[PDB]
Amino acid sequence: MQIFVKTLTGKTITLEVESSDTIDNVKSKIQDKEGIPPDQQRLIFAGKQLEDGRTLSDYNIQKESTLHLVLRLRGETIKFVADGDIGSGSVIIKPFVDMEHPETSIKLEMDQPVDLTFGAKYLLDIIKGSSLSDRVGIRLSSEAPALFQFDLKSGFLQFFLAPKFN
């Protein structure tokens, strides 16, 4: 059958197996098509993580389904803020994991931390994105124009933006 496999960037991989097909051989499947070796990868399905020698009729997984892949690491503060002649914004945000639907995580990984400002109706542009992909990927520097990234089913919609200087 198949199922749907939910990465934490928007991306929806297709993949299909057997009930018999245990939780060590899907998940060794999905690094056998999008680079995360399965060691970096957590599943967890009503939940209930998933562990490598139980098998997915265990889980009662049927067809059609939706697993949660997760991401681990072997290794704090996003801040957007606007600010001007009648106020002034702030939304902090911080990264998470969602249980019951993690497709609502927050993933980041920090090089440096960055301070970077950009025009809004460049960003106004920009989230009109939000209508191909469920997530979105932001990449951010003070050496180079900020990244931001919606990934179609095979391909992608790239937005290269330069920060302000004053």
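Here the rigid core means the biggest group of C-alpha atoms that line up within 1.5 Å when the two forms are laid on top of each other. Positions refer to the first chain, counted from 1. Compared with the form deposited in another entry:
- In the core-superposed comparison between these two forms, the C-alpha atom of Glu34 has shifted by at least 2 angstroms.
- With the core held fixed between these two forms, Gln149 has its Cα displaced by under 2 Å.
With the form deposited in one PDB entry in hand, show me what the form deposited in another entry looks like.
The next block holds one chain only.
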């Protein structure tokens, strides 16, 4: 039968599942058609994390429900600040995984700390891409324009934006 396994890139795969399918096997029907490897996989429906050996029947997961597929990575603080004349703003976020609805989770791999500034008029244009994807990928670097990216059902929309120097 037809279950949907959502990805944290906006891409939710409609896998075709049987209630007598073991968890190990979902994690495989996944790796099969989308490349993911079995030991990274973290699937999270209904507020619970899924134990390999358990059959999906073991979790009462019927047709057209949804788990959430989420990758943690073998291999702390995102901060956004604006600061001006009238005053100053600060939103601080941290990487986590949601259980009830993981599509809200914050992924982060940090290779080096980054500290960059960008024109707001540009960012204001950029966030319009919300209306194409639940989620947005963001790539920052001191050596190059930052990438912002909404994925489409097969394809994507990208915004490269150069940081300011001073």
